[PDB]
Every structure is written in C-alpha cells, then in structure tokens.
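Chemist: Here are the chains, one letter per residue:
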Amino acid sequence: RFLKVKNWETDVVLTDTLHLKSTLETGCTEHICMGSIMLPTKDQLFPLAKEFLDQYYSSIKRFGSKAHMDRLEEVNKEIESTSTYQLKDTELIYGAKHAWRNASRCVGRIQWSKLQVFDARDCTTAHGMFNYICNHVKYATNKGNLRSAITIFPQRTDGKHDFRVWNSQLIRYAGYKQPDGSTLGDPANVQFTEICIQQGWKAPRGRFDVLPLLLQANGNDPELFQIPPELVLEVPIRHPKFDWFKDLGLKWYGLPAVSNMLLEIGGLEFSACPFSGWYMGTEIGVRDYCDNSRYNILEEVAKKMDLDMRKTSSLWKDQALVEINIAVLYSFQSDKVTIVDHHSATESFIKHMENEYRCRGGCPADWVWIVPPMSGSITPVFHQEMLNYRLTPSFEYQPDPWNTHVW
Amino acid sequence: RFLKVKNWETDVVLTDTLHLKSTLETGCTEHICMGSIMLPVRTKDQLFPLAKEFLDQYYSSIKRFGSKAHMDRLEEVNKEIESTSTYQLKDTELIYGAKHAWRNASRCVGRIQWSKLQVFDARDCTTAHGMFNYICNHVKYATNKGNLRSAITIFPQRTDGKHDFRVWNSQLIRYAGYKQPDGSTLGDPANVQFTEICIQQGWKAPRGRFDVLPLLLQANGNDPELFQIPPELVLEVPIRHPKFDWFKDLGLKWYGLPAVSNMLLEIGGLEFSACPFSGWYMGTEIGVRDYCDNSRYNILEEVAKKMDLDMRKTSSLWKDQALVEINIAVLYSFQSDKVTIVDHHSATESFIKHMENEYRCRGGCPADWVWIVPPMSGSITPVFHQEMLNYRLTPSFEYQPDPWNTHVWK
Ligand code: HEM
Ligand code: HEM
Ligand SMILES: N=C(NCCC[C@H](N)C(=O)N[C@H]1CN[C@H](C(N)=O)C1)N[N+](=O)[O-]
Ligand SMILES: N=C(NCCC[C@H](N)C(=O)N[C@H]1CN[C@H](C(N)=O)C1)N[N+](=O)[O-]
Ligand SMILES: C[C@H](O)[C@H](O)[C@H]1CNc2nc(N)[nH]c(=O)c2N1
Ligand SMILES: C[C@H](O)[C@H](O)[C@H]1CNc2nc(N)[nH]c(=O)c2N1
Ligand SMILES: [Zn+2]
Numbered sequence: 299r300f301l302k303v304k305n306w307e308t309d310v311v312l313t314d315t316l317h318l319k320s321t322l323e324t325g326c327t328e329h330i331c332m333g334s335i336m337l338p350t351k352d353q354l355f356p357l358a359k360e361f362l363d364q365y366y367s368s369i370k371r372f373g374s375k376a377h378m379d380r381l382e383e384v385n386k387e388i389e390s391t392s393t394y395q396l397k398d399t400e401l402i403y404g405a406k407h408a409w410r411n412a413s414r415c416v417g418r419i420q421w422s423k424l425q426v427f428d429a430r431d432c433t434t435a436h437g438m439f440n441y442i443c444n445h446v447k448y449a450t451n452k453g454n455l456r457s458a459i460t461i462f463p464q465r466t467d468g469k470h471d472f473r474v475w476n477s478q479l480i481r482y483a484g485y486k487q488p489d490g491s492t493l494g495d496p497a498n499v500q501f502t503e504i505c506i507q508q509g510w511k512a513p514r515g516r517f518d519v520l521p522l523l524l525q526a527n528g529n530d531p532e533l534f535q536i537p538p539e540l541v542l543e544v545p546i547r548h549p550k551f552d553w554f555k556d557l558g559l560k561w562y563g564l565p566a567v568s569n570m571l572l573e574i575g576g577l578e579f580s581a582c583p584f585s586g587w588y589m590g591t592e593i594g595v596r597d598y599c600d601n602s603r604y605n606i607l608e609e610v611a612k613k614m615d616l617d618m619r620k621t622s623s624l625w626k627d628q629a630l631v632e633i634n635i636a637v638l639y640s641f642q643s644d645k646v647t648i649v650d651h652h653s654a655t656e657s658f659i660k661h662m663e664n665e666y667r668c669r670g671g672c673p674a675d676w677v678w679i680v681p682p683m684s685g686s687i688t689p690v691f692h693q694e695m696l697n698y699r700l701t702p703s704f705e706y707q708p709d710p711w712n713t714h715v716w
Numbered sequence: 299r300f301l302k303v304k305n306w307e308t309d310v311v312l313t314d315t316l317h318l319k320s321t322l323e324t325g326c327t328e329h330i331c332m333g334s335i336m337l338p348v349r350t351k352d353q354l355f356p357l358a359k360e361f362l363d364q365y366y367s368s369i370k371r372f373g374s375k376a377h378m379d380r381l382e383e384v385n386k387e388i389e390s391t392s393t394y395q396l397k398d399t400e401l402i403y404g405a406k407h408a409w410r411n412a413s414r415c416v417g418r419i420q421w422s423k424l425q426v427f428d429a430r431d432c433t434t435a436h437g438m439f440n441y442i443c444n445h446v447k448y449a450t451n452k453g454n455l456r457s458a459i460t461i462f463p464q465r466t467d468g469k470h471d472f473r474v475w476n477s478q479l480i481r482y483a484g485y486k487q488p489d490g491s492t493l494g495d496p497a498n499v500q501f502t503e504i505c506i507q508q509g510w511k512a513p514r515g516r517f518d519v520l521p522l523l524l525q526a527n528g529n530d531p532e533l534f535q536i537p538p539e540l541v542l543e544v545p546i547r548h549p550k551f552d553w554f555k556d557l558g559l560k561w562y563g564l565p566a567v568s569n570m571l572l573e574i575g576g577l578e579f580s581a582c583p584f585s586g587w588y589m590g591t592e593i594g595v596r597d598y599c600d601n602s603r604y605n606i607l608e609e610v611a612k613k614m615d616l617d618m619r620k621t622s623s624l625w626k627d628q629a630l631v632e633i634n635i636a637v638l639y640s641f642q643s644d645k646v647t648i649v650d651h652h653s654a655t656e657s658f659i660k661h662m663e664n665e666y667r668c669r670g671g672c673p674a675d676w677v678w679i680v681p682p683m684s685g686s687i688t689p690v691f692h693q694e695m696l697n698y699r700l701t702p703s704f705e706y707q708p709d710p711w712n713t714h715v716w717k
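Same order as they appear, the protein sequences are chains A and B.
If you count by the authors' numbering, then the first sequence holds residues 299 to 338, 350 to 716, one letter each, in order.
If you count by the authors' numbering, then the second sequence holds residues 299 to 338, 348 to 717, one letter each, in order.
In short, the hints are calculated from the structure, not lab data.
Treat the hints loosely; a few may be bogus.
As the list claims (entries may be wrong) - Quick list of in silico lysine-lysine cross-link-like pairs, DSSO-like style, CA-CA up to 27 angstroms: (1) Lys620(A) / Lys560(B); (2) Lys406(A) / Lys452(A); (3) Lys620(A) / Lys550(B); (4) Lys423(B) / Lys620(A); (5) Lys620(A) / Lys645(B); (6) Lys620(A) / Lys555(B); (7) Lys555(A) / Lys620(B); (8) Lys620(B) / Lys560(A); (9) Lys620(B) / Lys550(A); (10) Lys620(B) / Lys660(A); (11) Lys423(B) / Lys304(A); (12) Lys406(A) / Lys423(A); (13) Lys613(B) / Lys613(A); (14) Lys304(B) / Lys486(A).
Stated by the list, open to error - Derived coverage of chain A by chain B (criterion: at least 3 residues anywhere in the stretch with Cβ under 8 angstroms from a Cβ of chain B; other residues may be distant): (15) 619–627; (16) 677–686.
Claimed, not checked - Facing chain B, a subset of chain A residues (Cβ under 10 angstroms, in silico): (17) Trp306; (18) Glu323; (19) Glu328; (20) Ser334; (21) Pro549; (22) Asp552; (23) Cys599; (24) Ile635; (25) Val649; (26) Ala674; (27) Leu696.
C-beta atoms are modelled at their ideal positions from N, C-alpha and C, and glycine is treated no differently.
Same shape as in the complex, but just chain A:
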C-alpha cells in the first residue's frame, strides 16, 4: 500500500512508496511494536546480486541494456563457478554510498553523495590494515576540516577468514576498573581496554587514553597498533564564559569513526568497513559526558555553577546540560574542527527527507534515533512522522569478534 507521512508543525504530507521495495524484517508485527529496541548459499546469492545490479544499472540509466545483461550473466557464471563474485569499483562506490543513504538511524544523510570510498580489498595483513586506517584517519581529519570517508577491506569468504577491526570506533578512550570500585576513564570501554592489556598494551592508566587498534586480517589473531598521536586530533573543552570549565580537564576527539559494523552489498558482506563523518554536538556533550554510565559529569558541573541540587524541580540538571553542550560546540568551533549543532543537523535532515521523497519516493528513518537527546521538540524532526524499514545495500550490527574468534 501507499503510506503517507505528515509533519504536524507544517502540515506538509509526503507519500512513501520506497518502502514497498523493502526486503528485510523490521522486528515489529501487527500486534507489537519494537521500535525502541536497540537490537531487534549460491542460491541465496544470485537473487541478491540481481537485485543490486538492477538498481545499479537503473541509477546509471542503462536498465535492460546489453551492458546490464552482460554483467548480470558474468556475475551469474562467476557465482556458479566460485560460489561468489567481485564488485566492479564503480559498483562498490555506488553500494557504499547507498548503504549510507539507507541508514535509517543517521541524521547526517544529506551528505550521502559526497562519500570518499577507499578500496582496501587488496589488503592481506594487519600492518596493511593499519596503513589503510592511518591514511583514512589522516584523509578524513583534513587538519580539522573533516571529510566523510569509508575504507572497505576484503569481503567475507568462508567465515573463517574475516577481516575485523575489534575497536568499536577507530578512536576511543580507555576504561579501567579501579580499587575504589569506581571507574577510571570511559566505562563503556572497560572490557575492550582489558582485552588490549590481556593482549600486550601498556595502559597509561589515564582518564582520556586513546586506545590502540586491534586489527584482524584473514581470521588470524588481532595485533595492536598505536595511532600516530600526531594523527589523532583532539579538542580541549572550555566554556566561553565559565573560566572554571577548563579545570574539569575535559577533552574529546574530533573524528567519530564507527568501525564495527558490516557493510552488505549485493549479497557480499564486508565485515571490516570503518567509516567517519563529523560530530553533532549533542553526541559528546549529552551522551558521552552526561550519560550516567559514561563520564557522568553533571553533578561536578552542577556544583561549580552553584545551583540548587536539593530538588529536581529546579531543573539544575537541565541547566547544567545546556552549558556543557555550549562548551563542546564552542571548543570545536574555536579549534577550527568541524562539528554541527542539533538544530542545524535536524534542519538538514528535514530538507534531505523532502528531497528523498520527491526523488526516490521515500526515506527510511528511525524517529527514536533521529530526534536529538536534548531539546527534542524544539527541533523540526520531533514533529515529523517517519517510516522505518530496511533497504539494501546497508550497514548492519554484528557480534563482537572476541565472542566468536578462535585463537
């Protein structure tokens, strides 16, 4: 059926048909919605490859052409002979860009077409991966003028020769469980921070220690590598009015780079495909700094501001939250490091949504993830009905490597 999506702030109604092309399951049913759940053969391969190629040739205005038929049959024969196939560079680039385009949880998709794709399919060792990663980090960082990019390592074969980046993000801070029972550094990485130790790393036992890369090539055991400190751009956090802010000793990295997801293109699976863009202010100030299970710094900032913390009704938590986020955006803009505020980011997404509806007939979006973690209703996306569904190519979650690896 043809579904319609309305914006209750502007009355604008959009009709969605793109969902009719969805193939994967959402996790919901006619009786139950699981919209807030974080994680809901040669015979299988060709139809997938066919699906992909058809849309590829359709995008290049050559659907049903000789070239299309030729390619479709070449891949077909290749699969029947090699149980798999290889994507042309042009197809790989198209696929990576569309996987981003179809990422329902990403609010920054208005940038989808500008993706720089690095073909790392000729890689064979961990030192090789380290080289490709350093180059990606340096390219995307661009002295502070961040550029979107993704590096694609060799596709899956027999499931035993998988390339995998063990880190969840190329750049993250370590976490250590102290005697006090408390946590030093980022609590979210405690476990990983230990697998590094349990592997050889020499943790400076610090609050903000950039973790090392744990690279896995061809299924072998992962190796560690220190990212050239000179390549890891960091920003000191200070408030544009509270001189005492710098005394908190807070800093964060400028390059957000997810490295544990799986890129699926035409049936082929790329288990190591780290990608990076740039931060939206709230990701750091609200989630990394204020989540109770993270650096949880609200009380500290609350105290230094001297606001009544006796009653929650004084909204001291809210007041403190705003100041921390103003500081983050100020520190990044002052160090000339790319970053976008939730107001600007959400405005762009709405524009992107309208473009996608009139050009592709729709745009899968996960409201739960798209609406910012603070000031939700004062951003335009809060009032925008959204339809979530899965389209391929796509980025998927996958089990951690240390829970499936056979040393």
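Using the hints, position chain B with the ligands against chain A.
Modeler: Just chain B with the ligands now, kept in the frame of chain A:
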C-alpha cells in the same frame, strides 16, 4: 513466546508475557515500523466474545473466576445482548474498566497513579444541560483548590450511532484562538477552528490572549449547546520566574487542570464516546509544548531577547537556554500557588518504577517510547535508556474523529 526488554543504563532485563493478550493491531508490519505515526455500531456477533473476555478479566481480578457469580453474570449478559443487542455494565465493572483503560494507556507516563482514579457515573444523563452539571462537578472535584485529584466522568454509551454523547471541546479547559486578517493569530493557534465553531454557535468572544473557551456539549445525538464554565471553577496560574523579575511582564498564565475530553473509552465491547478525564500536569507539557511549539504560543524569541542571549547563531544554543528558564518558571509558578504539578525528572523516574512493578505483578506494561520520553532533556531521564514494548490491550482509550466532521445537523 517471551520478549526481553533491556535498560541500557542499568543493564536490568525484563520479560514480557502480557503482550500475548494483545488483540488490536498496531499499524506496524514485519516489513515496516510505524512507531512514530501520530494516528495509526457493533453487531451482536462480535459483542458477546468481547463482553466475555472483559468479564473473565474482571472476575479473575477479584479472585472469583469460575464462581457461580461469574457464571451467572455471563448468562445474564448473553441474554441481554441477544435480547437487546447490547448490555449494561454494573457500577463495579465500570470502575474496573475505567481504571484499566488508564493502566493500559501506552502513551501515558503518569500511570503509577492508575489505581487511584475517581470514577463518576454519568450514565443517567439525558441532556446537554445535564452534561454541563456533571462536568462542572468533575472540574470542582478534580481541582480541589489546587490539590488535584484524578477523575473521569462517563456519559451514556453508544447505542445505534445516531444518539452519541460528545464533548466537542478537545480538553474541558483551553484558550481560544483567533486568526487575524493580517494572517497573525491572537491566543492559542491550535484552537482556531474550534473557536470559530463556538462563535458561529453564538459565543461572544472577548478576543483576548487567554480566553477560556465555552463548552460545546452534545447529548443523545442532538445539536451541541454552549455553556460557560463558572470562572470561579477555573484555576489559573500567573507565570513568573524565581530570579527574572521581567518574566511576569510577559503576561503569561495557564490553567492548572489538564482534562482530555475527546477520546473514546472502550470497555467489554461497549463504546463511551464522552468520557472526560483529568489528572495533573507534567511541567514540560506547558513549558515546552504549549509555550514553545512554533505552532502554539511560540514565545522562545521574546524570552531569548529579554535574556539578551546571542541569537545570531543557533550554535550558541539560545533556544535551549531560553527553554530551560521558561520551564523553571512554570514549575516555580505552580508550586508557589500550591497547584499540583510534576517535573519530568520525577515523573519519568516514577514511571520506571511503575513499569518494573507491572512487569513483575502483571507480566508486562505496554509503553510508547516516542510519547513517554519528555520533549526536552530526553537522555538525562531514565526512560530514554529503557527499551519498551508497545501493544494494545483493552479496556482502552482511543481517538475518534472530530464531531463537527460527522455530525448530522438537526
Ligand atoms: C557527515 C557527517 C555525519 C553526521 C553529522 C552523522 C550523524 C549521525 C548521528 C548523530 C548518528 C547517531 C550516533 C549515535 O547516537 O550513536 C549517526 C548514526 C549513523 N550514521 Fe551517520 N553521520 C555522519 C556520517 C556518517 C557516514 C559517513 C556514514 C557511513 C558511510 C554514516 C552511517 C551511520 C550509521 C550506519 C549510523 C547508525 C550507527 C549505529 O547504529 O550505531 N554516518 N550518524
Ligand atoms: C496523574 C496525572 C497524570 C499525569 C502526570 C499524566 C501525564 C501524561 C502525559 C505527560 C501525557 C502526554 C500528553 C501529551 O503529550 O499530549 C499523557 C497522555 C495520556 N494520559 Fe496521562 N497523565 C495523568 C493522568 C491521566 C488520567 C487520569 C488518565 C486517564 C484516566 C490518563 C490517560 C492518558 C492517555 C489516554 C494519554 C494519551 C492521550 C493522547 O493520546 O493525546 N492520564 N498523560
Ligand atoms: N557522528 C557519527 N556518529 C556515530 C559514532 C559516534 C557515536 N556518538 C557513538 O559513540 N556511537 C556508539 C555508542 N552507541 C552506539 C550503539 N549502537 O550502541 C555506537 N558518525 N559519523 O561518521 O559522523
Ligand atoms: N497531563 C495530562 N496530559 C494530557 C493533556 C494535555 C496535553 N499536553 C495536550 O494538550 N494534549 C493534546 C494536544 N496533543 C494531543 C493529540 N493527540 O494531538 C492532545 N493529562 N492528565 O490527565 O493529567
Ligand atoms: C532504549 C532506547 O532504544 C535507546 O536508549 C536509544 C534511544 N535513542 C537513541 N538515539 C541515538 N541517536 N542514539 C542512541 O544511542 C539512542 N539510544
Ligand atoms: C511525529 C511524532 O510522532 C509526534 O511529533 C509525537 C512525538 N512524541 C510526542 N510525545 C508526547 N508526549 N506528545 C506528543 O504530542 C508527541 N508528538
Ligand atoms: Zn514498530
């Protein structure tokens, strides 16, 4: 089938079995989620089974399932339906049904209070004047001079669909809205259409910024009638700030009693089209939505100016800063005038405790994440980190089309 729900902040995992008793559809499919969509005369046939389900639930609740009383009631109702095409609920069943419709309301964060609902039986009402009296008594009871008490008033159920009882107002108390020929709006933009209907029906509008609308009441399917709610019964709170003396000069105020009056209460197959209910406000409803929505009073700018914030670039978060102070103002004003109100931190914390309790004693708690998470400071409230399952259980409250779109004028 068992369904696990996890809180990523506490790692506490809960198991849901209650969904197995869900019957109504959600709108979602196995290929698409419609979780963020605002809006996703029965026959004797589909009536007794609906009646049976409810009665079994009721007798099981009082530990009398299978009792002679339980069996006799089923026979009584069956005979009634086949004999008259419908049936009448006993007072006890109505109270149980009303409380559970609230308990099952997936979009309500105030459910920890469900068992404390005061139910007023207005099923003997026959005229609009009759309805007005019942509503006035409800408003006075619930207000209780500022110490708000939850309540619901239930008018006669639907019969053939042509004698419906309806409260045309969306809320018992709301401010009028007026569109100016220059395109601007005086008052609350959200109530312009209804305000026009009221004027056309003869209401003499004072055309101000905060004029309490009159009640438009429909009884027995007849044309609706206008009634002014006694001013002395409408509790209002002047909004001021604890530190900003200029805030009060913004001339802002709001009523203390939120009273939804356009929903349909479904109990055991019976439909009650007029069932106004009220509780008390959570601060953000007024401060964030009624005052700051671009399509409502939209006071962000004026407030940001007076605070002299840097409004040249959004990156200064002047909207966020102004938003917090306005919400501080709302909470402070209500508490000072001793009118019940709850902040979002307290309300969401209570909901989490309610939800965990329900999972243990009931086996589940349907919840709509999109609606439960507050419209400001989302992630610093426990609910943001709580996975929730949304499904429909009956008794329940449902939306129904606006009466002016379906009413046959006499
Ligand atoms: C251009 C700048 C970009 C911005 C402003 C942006 C912003 C966002 C934000 C705010 C989120 C939510 C993060 C979280 O809460 O964990 C997100 C998620 C995501 N983005 Fe983007 N993004 C950008 C670039 C990218 C790129 C380059 C790709 C891939 C090629 C991408 C793929 C995704 C995916 C797959 C998710 C969901 C990840 C998950 O489930 O953890 N994004 N993005
Ligand atoms: C004790 C005070 C109560 C509080 C703090 C509370 C709070 C809330 C809030 C914050 C919402 C969302 C409002 C919106 O964004 O439009 C809501 C919705 C709702 N509540 Fe409660 N509530 C309370 C009492 C009640 C009562 C007495 C009932 C019924 C007997 C009830 C039934 C519902 C329903 C059905 C909805 C959804 C209405 C809609 O879809 O517009 N609530 N409540
Ligand atoms: N802006 C981002 N954001 C995505 C990565 C940063 C994000 N703030 C983060 O820490 N994501 C983690 C933590 N929670 C997610 C999960 N799925 O559990 C992954 N990416 N980009 O390429 O520009
Ligand atoms: N706290 C409430 N809140 C619900 C009523 C107030 C709410 N803020 C409101 O104005 N609801 C309207 C506007 N949006 C809803 C809709 N369905 O479109 C109804 N109720 N209570 O019983 O205590
Ligand atoms: C339980 C709930 O799904 C979870 O807390 C989600 C909510 N929305 C989110 N939205 C974004 N962007 N990022 C997140 O990590 C989350 N967490
Ligand atoms: C489109 C989206 O569903 C809509 O804006 C919803 C979001 N969450 C909400 N949550 C509450 N409590 N109240 C609302 O009116 C809404 N509006
Ligand atoms: Zn759903």
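Chemist: For every hint, state whether the structure bears it out.
Modeler: Evaluation of the provided hints:
no.	hint	verdict
1	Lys620(A) / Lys560(B)	holds (23 angstroms)
2	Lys406(A) / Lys452(A)	holds (24 angstroms)
3	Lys620(A) / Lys550(B)	holds (16 angstroms)
4	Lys423(B) / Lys620(A)	holds (25 angstroms)
5	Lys620(A) / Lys645(B)	holds (16 angstroms)
6	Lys620(A) / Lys555(B)	holds (23 angstroms)
7	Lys555(A) / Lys620(B)	holds (23 angstroms)
8	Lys620(B) / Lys560(A)	holds (24 angstroms)
9	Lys620(B) / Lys550(A)	holds (17 angstroms)
10	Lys620(B) / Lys660(A)	holds (19 angstroms)
11	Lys423(B) / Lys304(A)	violated (37 angstroms)
12	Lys406(A) / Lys423(A)	holds (8 angstroms)
13	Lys613(B) / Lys613(A)	holds (25 angstroms)
14	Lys304(B) / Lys486(A)	holds (23 angstroms)
15	619–627	holds (count 6)
16	677–686	holds (count 8)
17	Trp306	holds (6 angstroms)
18	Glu323	holds (5 angstroms)
19	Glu328	holds (5 angstroms)
20	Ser334	holds (4 angstroms)
21	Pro549	holds (9 angstroms)
22	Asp552	violated (18 angstroms)
23	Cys599	holds (6 angstroms)
24	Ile635	holds (5 angstroms)
25	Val649	holds (8 angstroms)
26	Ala674	holds (8 angstroms)
27	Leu696	holds (6 angstroms)
Comparing the model with each numbered hint stated earlier shows that hints 11 and 22 do not hold.
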